[PDB]
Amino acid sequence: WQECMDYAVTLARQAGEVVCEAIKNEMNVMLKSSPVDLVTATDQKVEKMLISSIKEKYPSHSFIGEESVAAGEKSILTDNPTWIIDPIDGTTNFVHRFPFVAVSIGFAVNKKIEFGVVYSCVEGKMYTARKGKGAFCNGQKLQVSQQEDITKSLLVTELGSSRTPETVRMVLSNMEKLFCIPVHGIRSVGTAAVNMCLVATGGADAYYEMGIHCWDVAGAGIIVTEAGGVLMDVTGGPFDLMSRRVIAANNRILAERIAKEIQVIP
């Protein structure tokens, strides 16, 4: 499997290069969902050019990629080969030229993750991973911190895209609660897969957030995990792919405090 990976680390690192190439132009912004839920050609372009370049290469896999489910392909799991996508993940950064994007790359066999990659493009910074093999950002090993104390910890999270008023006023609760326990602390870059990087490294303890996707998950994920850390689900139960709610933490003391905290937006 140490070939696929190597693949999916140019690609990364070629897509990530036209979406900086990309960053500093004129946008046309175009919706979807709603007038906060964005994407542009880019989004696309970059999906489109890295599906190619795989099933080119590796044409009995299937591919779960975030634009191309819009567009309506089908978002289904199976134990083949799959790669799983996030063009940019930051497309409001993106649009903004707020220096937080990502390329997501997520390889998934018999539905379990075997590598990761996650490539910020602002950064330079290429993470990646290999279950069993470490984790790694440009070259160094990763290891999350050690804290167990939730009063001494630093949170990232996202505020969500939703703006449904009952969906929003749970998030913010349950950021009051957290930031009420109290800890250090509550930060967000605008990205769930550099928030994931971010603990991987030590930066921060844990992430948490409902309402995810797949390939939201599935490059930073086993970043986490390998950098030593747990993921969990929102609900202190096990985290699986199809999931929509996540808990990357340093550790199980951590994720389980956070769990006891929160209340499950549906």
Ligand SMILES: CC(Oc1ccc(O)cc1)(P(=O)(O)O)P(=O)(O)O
The other form holds:
Number of protein chains: 2
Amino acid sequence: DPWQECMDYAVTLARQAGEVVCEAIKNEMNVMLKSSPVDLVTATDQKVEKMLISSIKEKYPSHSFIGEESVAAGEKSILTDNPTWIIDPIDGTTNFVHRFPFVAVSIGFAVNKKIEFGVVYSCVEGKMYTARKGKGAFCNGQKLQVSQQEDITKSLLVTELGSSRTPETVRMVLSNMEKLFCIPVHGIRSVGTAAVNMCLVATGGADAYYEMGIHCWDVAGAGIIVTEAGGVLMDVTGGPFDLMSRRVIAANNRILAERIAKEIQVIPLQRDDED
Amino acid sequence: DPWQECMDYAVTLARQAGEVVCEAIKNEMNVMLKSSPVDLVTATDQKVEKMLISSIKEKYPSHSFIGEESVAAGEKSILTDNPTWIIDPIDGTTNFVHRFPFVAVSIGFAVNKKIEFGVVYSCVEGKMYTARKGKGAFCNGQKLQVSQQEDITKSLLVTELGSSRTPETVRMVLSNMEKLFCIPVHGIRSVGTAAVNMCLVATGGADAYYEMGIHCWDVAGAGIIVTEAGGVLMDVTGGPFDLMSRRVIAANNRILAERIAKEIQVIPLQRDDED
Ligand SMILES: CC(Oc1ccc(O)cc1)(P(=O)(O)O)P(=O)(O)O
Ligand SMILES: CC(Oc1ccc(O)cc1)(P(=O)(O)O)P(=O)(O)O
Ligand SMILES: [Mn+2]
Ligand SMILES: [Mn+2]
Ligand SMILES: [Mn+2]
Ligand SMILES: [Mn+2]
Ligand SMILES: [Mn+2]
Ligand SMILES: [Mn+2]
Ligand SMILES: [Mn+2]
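Alt. form deposited with the named molecule bound, vs. the form solved without the named molecule above:
Let's see the whole complex now, leading with the same chain.
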């Protein structure tokens, strides 16, 4: 693990950022909009992202960045082979402005376009999720393992309704949920952050997560936490996972993942690596 | 206060039960079915309820009970004027079976058919929610207050899909969710327990909860926590909350509650005081 120093620095930065987010979640909210009345942001997201990028630049000036709010400011979401930090300063902005207690700082680190480590700090909970390729996944000193469940009819899934309110899109998201729900599955849960939903699969508390519409910074930190806990990532088609494709299944195993893929009708989405 | 001693004792019992649940969620389980393959129970539910009822009976032998698993064993869900303990030994049985970290012990105490106090212990989180009529609502000794939000388009709701897998029922649950979602609201969350969903409204972290299909023991502990935090309970018709009706809206205020009620199509259900 030659990236141990980098990950340990990422953990300290995530904890620092988490403290900023915790302080801000107790204070007055000035909610701002991005593309729609349900695509939210605050000054805290922007402050935290700028702190993270400037701190990483100081120690690792040759590295590259992909950050949610930097992309909103016009930066590109193109992943080269160069070591790259893929940052979501606050995953769960809707939760944050409501003080719903699942908000995370997410950092994924890629080399040769492959994730080498991931850090997800659920900062109201004070849960530091981490994983390094080949070294396992952890939450606050506890090594993580996905569940063993291979029977979809005894599974607990996690998903979210999405940021679209387009009637045809909402109908397809609800149809997909209906089809899975009526297999049946034991249930479906929604805590409101992609990174925390995925970390819940890594812990074994849920058996699988799926969503269409995520961005690369939503899944770059948590994906490796799922796989180092023994899980799998794939596209909702069953095809290989792609960070820039807007789609993911993060599951305990390929049996549940492929069974979920068989019920998901795909919605058209703009890739993060294209204009 | 003639019921503060009962409340103090209820808190002690809820914490004791919660410690049993906490230990059991880490261990092997015997997962059993009740009315269907998605209506679950474990031996821990049954053990905890028997402990709670035997403990209350020894200290208050003239009091009555309505306990979830005792009703499953043939006891009646009739609420008289006699002091009555309305118990859910484990709210979130599906979550418990999956180790999804939101499970609660719920105790509501009614006199003359009106709730006088409520205790909800979210076991895995270690959060003790309490409220006595006229005395405020608390979480781990800290006073709670519902959110101020009166604009439904800036609200965060909590709800659940339900225990039914009947196609017509599921379609109606999802249609109700679609209508609210597309008002729009900011989002919908699902942590998997009625009592914890309601306590999230009492804290202000969510603006409102609604569900059809709950039972009296799901809402008897948490309802008073919502109202002592400054919120409201209502039927999905917009009318008075009815503890045995299977339906609830628990909101920060009447503006959001009535707006939610306007979108809900009522699902037919057998009342808890019907056979
Ligand atoms: C909506 C955002 O993140 C997600 C993604 C998927 C979810 O289920 C929840 C939150 P958020 O702003 O980070 O809160 P995104 O980064 O995609 O704009
Ligand atoms: C399903 C049960 O309670 C609920 C009720 C409503 C929910 O949204 C979640 C759990 P649970 O067994 O307590 O988990 P019920 O007491 O109704 O059988
Ligand atoms: Mn965003
Ligand atoms: Mn974000
Ligand atoms: Mn995000
Ligand atoms: Mn039950
Ligand atoms: Mn129960
Ligand atoms: Mn219950
Ligand atoms: Mn307003």
